[PDB]
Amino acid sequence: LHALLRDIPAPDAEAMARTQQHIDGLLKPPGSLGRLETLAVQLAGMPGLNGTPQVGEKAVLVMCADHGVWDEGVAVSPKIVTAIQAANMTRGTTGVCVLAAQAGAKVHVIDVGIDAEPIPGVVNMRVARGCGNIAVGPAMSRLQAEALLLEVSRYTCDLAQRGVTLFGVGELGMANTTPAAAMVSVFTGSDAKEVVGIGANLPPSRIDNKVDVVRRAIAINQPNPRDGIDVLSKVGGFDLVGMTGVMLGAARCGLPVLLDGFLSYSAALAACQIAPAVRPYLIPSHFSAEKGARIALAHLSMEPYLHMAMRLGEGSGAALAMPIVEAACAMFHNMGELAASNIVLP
C-alpha cells in the first residue's frame, strides 16, 4: 500500500503541451471550445492513455454496503433496499444500469459489506455484514480499511488490463449520506448543519436528529483530518472506502475517474488527503443536489459540467458524463485545422 501510493505517476507535461498546440490549430477560434479543450489536455496528460485523449472501454464500479448508523433513524429507506437494489444491478433495471448502457459502459457491482446473504452475480469483497454504527464507535478497524483499499485498488487496475480506459465510481448503501456528511465536515472543517442534507427524501423534521448523529460520530471518534485512512475507518463506511480504492487504483494505473455525487465527493476528499497525486486523475460529472455539495466541491476545487439537480447516486451522474469525455476526444481527433483552410487569425 505504501508501494501503491508511491508508484502513482505524475501527469505527462510533454504530452499535454503537444495536446494544447494541436487543439489550438483546430477549426475554431482559439479557446472557443472552453472546458472541452481543457478536459482534452487533461486526458492527454494521463499515462495510461498513451499521450492522447482517448477512450477505450468504460466501466462503472458500484460499491455496495450497509451501515450501522441506520439504526439511529437517519434514513427513511428500508435497510433491505441495499440488498434488493444490488440484485437489481445484476438485472440491468437500475438507474445507473440504464444510463451506463446508454453510454456503452459496463457496470461492476461490488459487495463490500451488504448486511444480507451473498447475492449471486455480485462481486464479493464483503468486509462484514454492514459497518459499525459510527454514532457510538468506529465504522471499522484501520486494518480493515487498508485491506479493502488494497483489494479494490488492485481490482480496478486489473480491469485496465482488459481494455478499460475510463472509470466511473458509484455507491449503494441505505443511510450513507450520514457518514458522507461526517467526512465532509471533518475534512473541510465545516459545521455539521452546513453539510447535512435530506439524503433520500428524509423528512424536514428528522434533519435535526441527523445533524446530532453526525456531531456525535465526530465527538466520539475524534478522527484525524490529516489522516484520510483514519477518517474513513472511523466515520466512513465500506462503500466509502471502496470508492476511495477505485480512485487510488485508477490513479496508480494512470487512468481517469469520473466522480458521481455527494458520496463520491467525500471519498474523493479522503483520496486526495491520502495521496494528493490522485487529484489530476479525477474528473467531476454533475453538481449534486445534496446540501453539502458546494462545500465539498470547493474543497476539491472542482466545477462539474452537468447541472441536473440529481441525487440518486449509484454512479448515475458518472455514466451521464461519459459522453462528454468521448466528445472531447472526438473533437481532438476529428476536427479539421485552420491552416488547411488557409484561415488566418490574429
Second form
Number of protein chains: 2
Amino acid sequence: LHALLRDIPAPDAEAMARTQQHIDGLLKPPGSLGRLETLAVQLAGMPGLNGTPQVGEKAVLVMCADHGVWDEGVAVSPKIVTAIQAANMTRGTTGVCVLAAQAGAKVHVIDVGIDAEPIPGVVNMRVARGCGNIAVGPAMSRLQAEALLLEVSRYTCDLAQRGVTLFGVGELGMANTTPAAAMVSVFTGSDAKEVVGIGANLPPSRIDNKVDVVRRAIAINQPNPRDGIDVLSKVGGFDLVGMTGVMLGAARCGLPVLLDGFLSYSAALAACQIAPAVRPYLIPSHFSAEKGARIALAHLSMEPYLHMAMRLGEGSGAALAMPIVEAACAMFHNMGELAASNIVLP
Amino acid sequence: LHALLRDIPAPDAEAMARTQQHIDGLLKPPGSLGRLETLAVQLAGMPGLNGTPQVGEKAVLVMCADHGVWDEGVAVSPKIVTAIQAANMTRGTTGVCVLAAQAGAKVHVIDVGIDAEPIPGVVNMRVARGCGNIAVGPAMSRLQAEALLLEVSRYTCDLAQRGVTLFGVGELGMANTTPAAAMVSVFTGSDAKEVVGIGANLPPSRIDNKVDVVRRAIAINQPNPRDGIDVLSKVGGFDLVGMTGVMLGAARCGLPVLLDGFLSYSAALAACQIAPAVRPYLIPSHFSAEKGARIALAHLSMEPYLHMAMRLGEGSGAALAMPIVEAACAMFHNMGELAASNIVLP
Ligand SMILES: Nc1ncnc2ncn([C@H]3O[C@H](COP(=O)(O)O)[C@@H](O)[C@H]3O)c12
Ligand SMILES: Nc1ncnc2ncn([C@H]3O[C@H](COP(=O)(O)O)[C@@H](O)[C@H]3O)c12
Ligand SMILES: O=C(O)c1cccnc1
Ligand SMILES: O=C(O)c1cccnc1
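Could you drop in the structure for the form deposited with nicotinic acid bound? We only have the form solved without nicotinic acid so far.
Shown next: the complete complex, the earlier chain at its head.
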C-alpha cells in the first residue's frame, strides 16, 4: 500500500503543453469552448491516456455495503433495499444501469459488505455483513480498511489492462449518507448541522436525530483529520472505503475517475488526504442536491459541470457526465484548424 | 403568421400527469433524479411527442448572417469569418458540427443574410447581404422580419414531417453579440453596461465603445419592448430573427427546442414576447460565459443544466445537451419498477 501510494504518477506537463497549443489552433476563437478545453488538457496529462485526450472503454464501479448505524433511526429505507437493489444492478433496471447503458459504459457491482447472503452475479469482496455502528464505536479496524483499499485499487487497475480508460464511481448502502456527513464534518471542520442532509427522503422531523448521531460518532471515535485512513475506518463504511480505493487505483493506473455525488465527495476528501497525488485524476460530474455538497466541493476545489438537483447516488451522476468527457475528446481530435482556413483571430 | 401564432398548442396536462405517476413508481426514491424527472415530464406534455418522453431524429439549425454594426468597431473577427465558417459548417469541421456528430444530430446551415456570394451546400433564405447598422437606424423592415419568421417557422415544422423530434438552435454572424445585448437591454430594462460582454474576445479596452453603440441603437430606434417583432426588426439581426423563427416553428409543431447561449437567449426573449405559448417548448442547455447571461436567464426564468463557461455559439451548447434529453427518456422507459421488487419507500 505504501508502494501503491508512492507510485502514483504525476501529470505529464509536456503532453499538456502540446494539448493546449493544439486546442488554441482549432477552428474557433481562442478559449471559446471554456471548460471543455480545460478538461481536454487535464486528460492529456494522464499517463494512462497516452499523451492525448481519449476515451476507450468505460466502467462504473458500484460499491455496496450495509451500515450498523442504520439502527440509529437515520434512514427510512428498509435495510434490505441494499441487497435488493444490488441484485437489480445485475438486471440492468437501476438508475445507474440505465444511464450507463446510454453512455455505453459497463457497470461493475461490488459487494464490500452487504448484510445478506451473497448475490450471484455480484463481485465478492465482502469485508463483513455490514460495518460497525459508528455511533458507538468504529466502523471497522484500520487493517480492514487498508486491505479493502488494496483489493479495490488492484481490481481497478486490472480493468485498465482490459481496455477501460475511464472510470465512474458509485455506491449503494442504506444509511450511508450518515457516515458521509461524519467524514465531511471531520475533513472540513464544519459542524454537523451544516453538512447533514435528508439522504433518501429522510423526514424533516428526523433531521435532529441524524445530526446527534453524527456528533456522537465523532466524539466517540475521535478520528484524526490528518489521517484519511483513520477517518474512514472509524466513521466511514465499507462502501466509502471502496470508492476511495477506486480513486487510488485509477490514479496509480494514471487514469481519470468521474466523481458522483455527496457520498463520492466524502470518499474523495479521504483519498486526497491519503494521497494528494490523486487530485489531478478526479473529475467532478454533477452538483448533488445533498445539503453538505457545497461545503464538500469547496474543500475539493471542484466545480461540477452538471446542475441536475440529483440525489440518487449509485454512480448515476458519474454516468451522466461521460458524454461530456467524450465531447472534449471529439473536440480535440475532430475539429478543423484556423490556419487551414486562413483565418486569423486575435 | 397570426395563424401560426394562434395555433401553437398548449401542453398536454393529461400526459404530464401520467408521466409523473410513472416516474414516481420507478426503482428509486421518489424525486431522487431531480431535474431529469422534471425534464421527462416537460417532454411528455409536448404534443408532437405522442404522450411520452421520446427522442427520434435530432437537428441543429444554424442561422448565419452579417451585420452592418460591424463597421462600428464592435467586433475583432474579420467580417469574412461568417462566410468562411458558414462554408466550414458544410465540411463538418466546426465546433457545432463535431459536437452534433457526437450527439448523433444533423446540422442544418441556413443563410439568412451573409454578406458574400451564396455558398453551395447552405440553405438559402437570404434576406439581404447583411442587415442595416443598428447604430444609425433599424436592422431591417418589419415586413422583412415577419417574412423571415414565417419562412423559418415553416422550414422547421417541415423537418418534423421527416422524423425530427428535437431541435437545437444556433447562429453565426460576426458582431452579433451587439444586437443581442441591445435586445436584452430592451426586453429586461437593464442598462447596456450590465449586459454588454466581450463577445468573441473583444479587447477589454474596446468595451466602452460597444456599450455606446448599443445605447445609440436604442436611442435612435426607440424599439417597443412590448412588441417583440418591433424589437427584432429595429435592433436585432437576420440571424436573431431566424432563431426566434425556429422557436416559433417548433412550438407550433408542438416540439422541443434546446437553447444555446447568449444569442439564443436574446431570441428566446423575443419569442416569448411575441408568443408566451412558446415558453413550455424551450429547454435551456448551458450557462453562457457572456456577461449578460445571468440577466437574460433570470428573465426567461430558466436554469441551465450545464456550466461549461462556454462562449462559442453556433448551437454548440445545444448539441452538448442533447444526451441529457435522451437520458431523461431512457430513465423513463428503461428503469425498473418499485412494486415489481416489492420495495416500499416513503
Ligand atoms: N435509498 C435508496 N433506495 C433505492 N435505490 C437507491 N439507490 C441509491 N440509494 C441511496 O440511498 C442511500 C443513502 O441514503 P440514506 O442515508 O438516507 O439511507 C444510498 O444507498 C444511496 O445510494 C437508494
Ligand atoms: N467569432 C467567431 N469566429 C469563428 N467561429 C465562430 N463561431 C462562432 N462565433 C461567434 O462570434 C460571433 C459573435 O461575436 P462578436 O459579437 O464579438 O463578433 C458569432 O458568430 C458567434 O457565433 C465565431
Ligand atoms: O448525492 C448523492 O449521491 C446521494 C444523496 C442521497 C442519497 N443517495 C445518494
Ligand atoms: O454565448 C454565446 O453563444 C456566444 C458568446 C460569444 C460569442 N458567440 C457566442
